[PDB]
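Colleague: Each chain, written out:
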Amino acid sequence: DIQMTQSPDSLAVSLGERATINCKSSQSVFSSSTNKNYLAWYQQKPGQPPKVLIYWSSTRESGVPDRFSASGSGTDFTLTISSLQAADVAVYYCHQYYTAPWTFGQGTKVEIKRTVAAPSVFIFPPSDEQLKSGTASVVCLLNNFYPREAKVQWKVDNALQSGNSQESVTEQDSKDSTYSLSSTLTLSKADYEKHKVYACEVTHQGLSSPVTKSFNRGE
Amino acid sequence: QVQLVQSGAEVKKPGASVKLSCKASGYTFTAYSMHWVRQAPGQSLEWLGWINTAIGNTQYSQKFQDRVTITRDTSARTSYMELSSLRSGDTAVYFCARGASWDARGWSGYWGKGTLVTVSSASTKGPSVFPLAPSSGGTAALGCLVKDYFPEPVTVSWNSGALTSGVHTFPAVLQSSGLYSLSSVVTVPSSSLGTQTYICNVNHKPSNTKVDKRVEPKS
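So the sequences go chain by chain: L and H.
Residue numbers for the first sequence, in PDB author numbering: 1 to 27, 27A to 27F, 28 to 213.
Residue numbers for the second sequence, in PDB author numbering: 1 to 52, 52A, 53 to 82, 82A to 82C, 83 to 100, 100A to 100D, 101 to 128, 133 to 215.
Since the hints were made in silico from the structure, they are not lab data.
There are no misleading hints in this set.
Listed next, the in silico DSS-like pairs over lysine-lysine satisfying Cα-Cα at most 25 Å (straight line): (1) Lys149/L to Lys214/H; (2) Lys183/L to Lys209/H; (3) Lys214/H to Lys183/L; (4) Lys45/L to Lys23/H; (5) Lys107/L to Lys39/L; (6) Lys126/L to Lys214/H; (7) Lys126/L to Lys206/H; (8) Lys107/L to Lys145/L; (9) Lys190/L to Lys214/H; (10) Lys24/L to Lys62/H.
Given the sequences, and given the hints that come with them, work out the whole structure.
Modeller: Okay, here's the thing in structure tokens:
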């Protein structure tokens, strides 16, 4: 089919500054017969369905603010948010409707850029009531940091772990534009009460040195 | 007032079928195409197919010609998408969207709110709620671990709605078990720990589970 490809994948811009997203189609979506580009742009906020910003590649849908505009022809397209406001923080998709099947781009996530802030890290050992159940959940919390990229490495008696953790990240915070991350390491009660030192090593741009927070089983 | 009302959330096991509906109003139904587009969690939009609402003929995406059939009932103003031989990889939100033209060569100007479909071999289960206990920078973090439930969603509040600042409830993650796990945490002043009560209110409507768990420091 016609492959739609966006650039960049993720984009960070300051309040009031310019945002520019690019779309390339594997084949042209221009009709010489009708002189139109069969291309649309949509905004998507988490939970909600997509909303057209732009159709015929360059026409703005009614009700959409004029800081959005799009251009390009044939195979090259560009959505521009001239002066980014907080409500413009979302995912953007391009869409060709030149031929069935409809195809879309992979999506460009757009966020508010802010100064880099380091995460406050906390560690949480499993509750005893969970330990009765035969399973152990150690939790690492990375609170209010920026930008989104962060490495969390679990070390048990200094033997760094793999295949037994899971991560989850907050949406950019409306108030301070930070992110927060929760990591959960899981063992059987058996493996848990077999090692002593449980640690969470965090690596982030705002941390001059990787921070490790930790506990000894038995506080 | 153009409107698209989609059927409620659906949970089905592998190899089964599901049939979703989309009820339109506020415009003459037979004059615009209807489209079905899905989105796996955190993924891009994928077109499943379309129906010419006047004639009733359809065409589907080749990755789906095997299993999807799209239908309409013109007196009902209603579209229907039926997916068969379901697999876990079909877990996604399924949007219906009205075409800009009667004929598919047009963008979508109206999308329904979406219908979530979860395909799993797991059965309904209520969560266990374990404390993420605070430990004695001038502020501490405490939380709740909502664990081993199915299906989504879960809601978490703190102190019956009174504590909202500093709260971060994370997106759930899906464990090897087929069960979901979620955490919700809050930063609070250390000075508060022994005197302010912190209770997390968890709701898992699919299993009729309502749970309040007080979180305190561990001895």
